[PDB]
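A.B. asks: In case you want the letters, here they are:
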Amino acid sequence: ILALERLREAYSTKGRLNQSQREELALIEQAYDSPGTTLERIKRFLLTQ
Amino acid sequence: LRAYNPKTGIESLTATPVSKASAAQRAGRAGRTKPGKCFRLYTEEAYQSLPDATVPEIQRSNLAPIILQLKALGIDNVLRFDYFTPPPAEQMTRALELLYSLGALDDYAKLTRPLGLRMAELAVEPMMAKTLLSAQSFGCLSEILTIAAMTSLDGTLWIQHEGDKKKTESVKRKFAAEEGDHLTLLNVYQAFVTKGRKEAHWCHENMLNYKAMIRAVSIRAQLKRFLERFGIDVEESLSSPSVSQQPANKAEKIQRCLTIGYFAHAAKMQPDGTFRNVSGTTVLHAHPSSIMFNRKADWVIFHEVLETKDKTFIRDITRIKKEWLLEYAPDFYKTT
Amino acid sequence: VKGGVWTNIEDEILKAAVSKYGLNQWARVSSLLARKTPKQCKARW
Amino acid sequence: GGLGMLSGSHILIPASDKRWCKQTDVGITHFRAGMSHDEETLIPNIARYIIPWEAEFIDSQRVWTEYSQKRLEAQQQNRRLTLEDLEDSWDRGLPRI
Amino acid sequence: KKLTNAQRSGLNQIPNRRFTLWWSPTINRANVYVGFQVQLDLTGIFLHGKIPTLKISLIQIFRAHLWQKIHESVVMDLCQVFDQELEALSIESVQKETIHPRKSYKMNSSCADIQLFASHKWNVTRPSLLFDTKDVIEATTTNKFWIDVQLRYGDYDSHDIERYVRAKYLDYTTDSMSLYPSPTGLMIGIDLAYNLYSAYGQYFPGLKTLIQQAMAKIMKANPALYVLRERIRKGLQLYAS
Amino acid sequence: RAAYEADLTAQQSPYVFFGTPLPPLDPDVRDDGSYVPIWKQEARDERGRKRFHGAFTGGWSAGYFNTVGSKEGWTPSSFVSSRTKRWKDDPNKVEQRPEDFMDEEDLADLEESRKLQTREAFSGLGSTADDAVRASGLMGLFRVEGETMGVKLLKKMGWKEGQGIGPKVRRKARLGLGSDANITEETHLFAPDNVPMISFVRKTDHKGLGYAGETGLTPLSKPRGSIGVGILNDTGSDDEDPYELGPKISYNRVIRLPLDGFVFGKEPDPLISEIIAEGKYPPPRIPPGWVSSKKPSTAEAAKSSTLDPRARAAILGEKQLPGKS
RNA sequence: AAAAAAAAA
RNA sequence: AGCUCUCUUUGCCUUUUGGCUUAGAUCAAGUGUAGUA
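Residue numbers (the authors' numbering), protein chains in the order written: chain A, 967 to 1015; chain B, 337 to 672; chain C, 4 to 48; chain D, 1450 to 1546; chain E, 1643 to 1883; chain F, 7 to 228, 266 to 298, 343 to 383, 395 to 423.
These aren't lab readings, by the way, just hints derived from the structure by calculation. Take these hints with a grain of salt, some might be off.
Simulated crosslink set (DSS-like; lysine-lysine; CA at most 25 angstroms straight-line) [claimed, not checked]:
#1 E:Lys1876 x F:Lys121
#2 E:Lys1748 x F:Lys77
#3 F:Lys46 x C:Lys5
#4 F:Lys56 x B:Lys632
#5 B:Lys604 x B:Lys658
Make a model of the complete structure from these sequences and hints.
C.D. replies: Shown next, in the form of structure tokens:
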């Protein structure tokens, strides 16, 4: 939870965001919707990648 | 299952869990010729948890045509009738409000003799029956008679050739007109009948069906016969070469007759490409079969509306104007 | 969709795009490819 | 409709910006407020609305010792501290209470 | 939308236009220390210096000769209300003078608007304001009256309407170049930028109540005034709840 | 243009006899009628130049070329009346409407303000406003339905809110005295209760039966107005509460082997068992001696079907609604 | 105490 | 051991990239359905 809002403090609700910020916002909302898969992906990346 | 929400008053084709009778007939139809297997993809406690029978169908359907039919039989006392199951008390209020908006019923919940019977005895959807019965008092009738023939039709006219995308777009634009999908259907009928010589292979190059649309031809014959027992002479001027009337005003006449008959289903296009109702609450999208799917419009009428699993689609778009709707629905619309 | 795995179509279009535009204009090259960004084209090369 | 700027400078307002007209049915009144003064009212400095740090630290220490006091004689009584006994201690403390 | 840089800059300058319109009486000031006072064409708005955002917003407010149509609307409303009160005022006839079509925005010289021909020689008073009650009737008698209406777009420093109509009546009856049909008339001034009204000059008995009631009625419900207020409200995007 | 659009329109579609056929799909001519999002549109004017023309609509020019006037000029009207001839007793008294002082764009945005709304006595499509009204307590108790007149004509024909539609029910009562069956049971004539509406959950997914699913998280908490900062210079909300930081916080008051992965049903389905079985009831006795009593167009009738529903219900013996009386 | 900056049979 | 024509190889380059700077700057995107006939 905490990590997500830190990233979302970087971007105001409105704005002219380019592609990578909206990809990040999509990833953050996806993490909010599906947290277990996000945490498992984070641990897999942290072990493997 | 098809359901009909009466508060919003829209259809919905939604994926419901099956009934115990449904999974029962599932297992029964599994093992027909040899002892077979069933593969219900859910747990046994879930199997205990489904309802025993299907949802009653009169609680999730348009009660407007069946209240119309029950009045056509003569049982006006629809409240005191021996139904097998009682319908919801407010869905039929929406139904009879729909009946009043089409005329038919009076202020005193009685069928009107001249018009109400004439919408009553037809086997067509009531709103466009009201469209048809208003044509003679205003003008052109055979064109919307043809549209009534082809709207009483379920399977689509255009065959789905997945190998053609710009070609099917061209052969739709071979017939298409900007003033609604109804004029496109009228054009395909007039192309098939006047010069087509009832020929199926011509429909085979034109990506068109054969059986359902000649069934619609028979439907047009039946509607013309039913109006012949209405005592109104049929103005069959299509065979005549009298084209001296200007076609723009006649197309305006056709869509004006439609908006007299389809005043309830009115929507406005929003600049993100969507459609909203008069209240501006429900989100409506153009169905991916009309030409108006990819065209600009301001105010539209649609033959039907249905809620799918994700988006609400509206069908048979036709262009209108605002002051037409203010003129022809004084009891139903009023300016701000 | 702006993601996926690299197909043969995309690799050949990327190489022809690099032949025309060079290795310092990845936004033109990525404009050629529908599903790939300038960073993804650069990473693929 | 103004710009809403906040000021940190000594900006005096001449009294010509203290008059107003009003229309009535028996006449029109052109009021000029501040006639009894020959003194201009001054634009409020922002720094007079911000509590100095030293006093804020002192009150933070004092009101947190008070909070520990009410926690000690609150847990030997009720189970949760209310929002009436801490209304006096509301916007105090560097970790605000 | 896919939008050009001139249009980007126009959209970016819109709130500055609204701010400049809102604070226009204190920006378009008279105490200025320098600035060539020019008049905006076909209006009575005087500009000191060049402020382009103020000028473009004021042109948008007063499009399509709206100053002239306001003047015509107010004078014809006054003329018809005059037409309802001939009998008690001993007015023999009422006339609407329409010699100069574009006099509503000329501030150097003015002409009469409405003429009232009297059946009997009225005893005019000393020239007094509309809200002045100490009427001093003089023994000089006359048989003709005229009503002049003028529109003022006042500013923050000069929007006293009584002194304005006093100065205007004395200046337009002192000089010989301005032609008035009778020596006794009534000057009516309408401060358009603050919604004020005043009248100054002679009065035959019974006129004062009619003028004040009619003026209140038409400041409440003139149509051209209404479209002026609607244009200002749309320009500010300032609404009432 | 001209000849090309005409003859390729004639070539692509002679079959559109009614209406107007679509403009040709060519690289030369443009398809004006097709939709072109909002992030693809160009802002053009009536003429068709990328240019704005207002003080508050983003233009560097307002009025008739930075002038309050017009091309045609303006001419005042004459107005003469007296005792012999007055204006108010005139036959054609032209009143002063506030629309001859308006411009074409004033009329345009005035009719833009004139929104269309459905009437209060008839329900429109998707009118979703009663949910917040009903869930208000005493406000929902005092405020009632807005008397859509289908409901009141149903009241006229003998229906009451709180119960449904059907034949009369000869049930005694529930007095609220428990479940006492010692009442005399003289069974007044009542009406059937309303069946509840079905409110089906939205199924946008292929999730299986009985699956609650992976639970989703929530974000961690969360003289009126200003002039504005422009719609392009807003970027994102760089105009907050100017006085104090942060969004305001909500405050608490106090502190055979089956298939792999497939389980076997312990008990069979009852009706896949009674399909073999004989059922719960025997066939009738059928004694000897009984014998069969009898030994071994629609369109044209519909043409002559002149029976009105009044005489139809008279000969079918169905009670009718009361009319005007 | 104007210009950029509001298009070539 | 010549002169013409043909072919190959060698030469030739013959339509053979005409400045600058913060690579001059920036660059997400309409809708795609379809228990039953």
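A.B. asks: Determine which of the earlier numbered hints do not hold for this structure and return their numbers in increasing order.
C.D. replies: none
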